[PDB]
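Protein chains: 4
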Amino acid sequence: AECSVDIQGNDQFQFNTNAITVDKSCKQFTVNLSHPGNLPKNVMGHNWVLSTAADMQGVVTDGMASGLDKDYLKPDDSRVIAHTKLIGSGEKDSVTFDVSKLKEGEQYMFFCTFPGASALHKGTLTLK
Amino acid sequence: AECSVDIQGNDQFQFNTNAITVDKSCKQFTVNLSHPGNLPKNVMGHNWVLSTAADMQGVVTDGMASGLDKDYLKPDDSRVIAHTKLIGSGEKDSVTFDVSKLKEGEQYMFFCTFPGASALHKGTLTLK
Amino acid sequence: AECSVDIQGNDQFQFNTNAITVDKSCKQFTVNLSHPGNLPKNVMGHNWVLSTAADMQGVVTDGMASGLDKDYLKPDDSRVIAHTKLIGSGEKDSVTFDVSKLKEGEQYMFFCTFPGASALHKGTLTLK
Amino acid sequence: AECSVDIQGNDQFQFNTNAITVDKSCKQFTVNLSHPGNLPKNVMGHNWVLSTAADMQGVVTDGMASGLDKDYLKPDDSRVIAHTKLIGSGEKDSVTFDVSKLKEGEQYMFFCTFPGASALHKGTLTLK
Ligand SMILES: [Cu+2]
Ligand SMILES: [Cu+2]
Ligand SMILES: [Cu+2]
Ligand SMILES: [Cu+2]
Ligand SMILES: [Cu+2]
Ligand SMILES: [Cu+2]
Ligand SMILES: [Cu+2]
Ligand SMILES: [Cu+2]
Numbered sequence: 001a002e003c004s005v006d007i008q009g010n011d012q013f014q015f016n017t018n019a020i021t022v023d024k025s026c027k028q029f030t031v032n033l034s035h036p037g038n039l040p041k042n043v044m045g046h047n048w049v050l051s052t053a054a055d056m057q058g059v060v061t062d063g064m065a066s067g068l069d070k071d072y073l074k075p076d077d078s079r080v081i082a083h084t085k086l087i088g089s090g091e092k093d094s095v096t097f098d099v100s101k102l103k104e105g106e107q108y109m110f111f112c113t114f115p116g117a118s119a120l121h122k123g124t125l126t127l128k
Numbered sequence: 001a002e003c004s005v006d007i008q009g010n011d012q013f014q015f016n017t018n019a020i021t022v023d024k025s026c027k028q029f030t031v032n033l034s035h036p037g038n039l040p041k042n043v044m045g046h047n048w049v050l051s052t053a054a055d056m057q058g059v060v061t062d063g064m065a066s067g068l069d070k071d072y073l074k075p076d077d078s079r080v081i082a083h084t085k086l087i088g089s090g091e092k093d094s095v096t097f098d099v100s101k102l103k104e105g106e107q108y109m110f111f112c113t114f115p116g117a118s119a120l121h122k123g124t125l126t127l128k
Numbered sequence: 001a002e003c004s005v006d007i008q009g010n011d012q013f014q015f016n017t018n019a020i021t022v023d024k025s026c027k028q029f030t031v032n033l034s035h036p037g038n039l040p041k042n043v044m045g046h047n048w049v050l051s052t053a054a055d056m057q058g059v060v061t062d063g064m065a066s067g068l069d070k071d072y073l074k075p076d077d078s079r080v081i082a083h084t085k086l087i088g089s090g091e092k093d094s095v096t097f098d099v100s101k102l103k104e105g106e107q108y109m110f111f112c113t114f115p116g117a118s119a120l121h122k123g124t125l126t127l128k
Numbered sequence: 001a002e003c004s005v006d007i008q009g010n011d012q013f014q015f016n017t018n019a020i021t022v023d024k025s026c027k028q029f030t031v032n033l034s035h036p037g038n039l040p041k042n043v044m045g046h047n048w049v050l051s052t053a054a055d056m057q058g059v060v061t062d063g064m065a066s067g068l069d070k071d072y073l074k075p076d077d078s079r080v081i082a083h084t085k086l087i088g089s090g091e092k093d094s095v096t097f098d099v100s101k102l103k104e105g106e107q108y109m110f111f112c113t114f115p116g117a118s119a120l121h122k123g124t125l126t127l128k
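Protein chains in written order, with the entry's author numbering: chain E, 1 to 128; chain A, 1 to 128; chain G, 1 to 128; chain B, 1 to 128.
You may find that some hints are simply not true.
[As the list claims (entries may be wrong)] Below are the DSSO-like pairs computed for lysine-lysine, each with C-alpha atoms no more than 27 Å apart in a straight line:
no.	chain 1	residue 1	chain 2	residue 2
1	A	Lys92	E	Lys24
2	B	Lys103	G	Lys74
3	B	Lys122	E	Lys122
4	A	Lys128	A	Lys101
5	G	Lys85	B	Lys128
No lab work stands behind these hints: they were computed from the structure.
So here's chain E without its partners, still in its complex pose:
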């Protein structure tokens, strides 16, 4: 199977996908995030953050509060299964995590914690 996915954040609080599938024969999974927009990190920051569907809103709430100096992530946040850093115009970043950190049947959400994203700057991640 394939074990990585390419994801674009644009200038309008948007990923170019809202659903990721992780094949369970994969040992590791890799998310390749890039920012094809023109806006700096401070006005249009994007990160890819992975948590349980239950933990999502708590990670985002505390994240937005942490501010830009913390990459919009409450420090030591145990709920974050994996995450890229925050990136702005031009930049890119890749995160790799162990598929054994996941479970079949459990609901996971990927999302961005930069402030201003609607309740739509998110998507599902599924172990199949």
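Let chain E serve as the given structure and place chains A, G and B with the ligands on it in line with the hints.
Relative to chain E, chains A, G and B with the ligands alone:
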């Protein structure tokens, strides 16, 4: 004789059968439940749940209140003879139970405890 | 004095308050219920229902027994001073009632009659 | 508010959008569908069909079975809230429908019922 049945729930709150017969020579019996629908488990979850006719309403009622994190079954409900887990679009689960649990000629109902089901989201099971 | 209040029900069995004040100089009082969550009313319904603290338990117990097709309220329940309809995600409802129906020294509770509430899906209303 | 949207179906079983919002003050709403592609209708037809999320699979399935002569829609399908006709390369079709057919608390999908298109040949439509 056969001691298994394949059963499907889809996006219109429907099992694709209303009657199961279990041959008395069976020692175990297996139900293979699948969800060919498009809707995820939290808006159109399906399970397959077995009880006496008398106990059905109470199982369905208490399951309602238990919520999605309990798979819409009240914990430690002794009236549930056997059941699958709750599944959503594209998922599958199988349950196998001992036919010693079922008494000849008695009235057994199978049903789904996810909310929003019609009173007819049910069916009979019987030892033949 | 203000004579209205806005209240939100979310995807986790919760109002965004448990304390309503109705000033005695109000001729009418208005509750604006909105559902910012994402689940339909069949798995995450919210209503705002008002009775005496005395009547609460009986309105709730009978309402869940009345099922989704009755908005989880017993028909012709005289214990209900005022109520919204049951709403799900993306829905809103408003209810306005005469403040006269309220008398000083009486305790009033507002509550939701949907199954699932962790006995904290309630709150006080008092004539100040 | 504007009360129309322009949508293109290409030579790749692909719409050029996945989300449509209909302003609630719109009395009618128009979808202007065009096929800027090269492939003819019987190998790459496109339509725009609207239903509840729940009804979608049945509309797609029953329409598949109905064939090209019927525009890949089962005749007299009451689950179809509105639709264009099937169009091929160089064609265009517009459909105008009553917004009162929509309700604020419902999840609507739009999609194409021509065969071969993936589970991605779809989109959400929401009242706003
Ligand atoms: Cu592989
Ligand atoms: Cu972002
Ligand atoms: Cu046998
Ligand atoms: Cu079901
Ligand atoms: Cu006043
Ligand atoms: Cu509620
Ligand atoms: Cu207008
Ligand atoms: Cu198409």
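Next item on the list: Take the C-alpha atoms of G/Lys85 and B/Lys128, compute the straight-line distance between them, and say whether it is at most 27 Å.
Entry: Holds - the C-alpha atoms of B/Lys128 and G/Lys85 are around 21 Å apart, at most 27 Å.
Checklist line | Hint consistency between A/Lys92 and E/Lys24 [alpha-carbon to alpha-carbon, up to 27 Å] | finding: This hinted pair holds, its Cα atoms lying about 16 Å apart.
Notebook entry, point to check: Are the Cα positions of B/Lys122 and E/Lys122 separated by 27 Å at most?
Noted result: 18 Å, holds
Check: Taken at face value, is the distance from the CA of G/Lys74 to the CA of B/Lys103 at most 27 Å?
Finding: 25 Å, holds
Notebook entry, point to check: Holds or violated: are the alpha carbons of A/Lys128 and A/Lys101 at most 27 Å from each other?
Noted result: Measuring from Cα to Cα gives roughly 14 Å; hence the hint holds.
The structure is consistent with each of the numbered hints, conforming to all of them.
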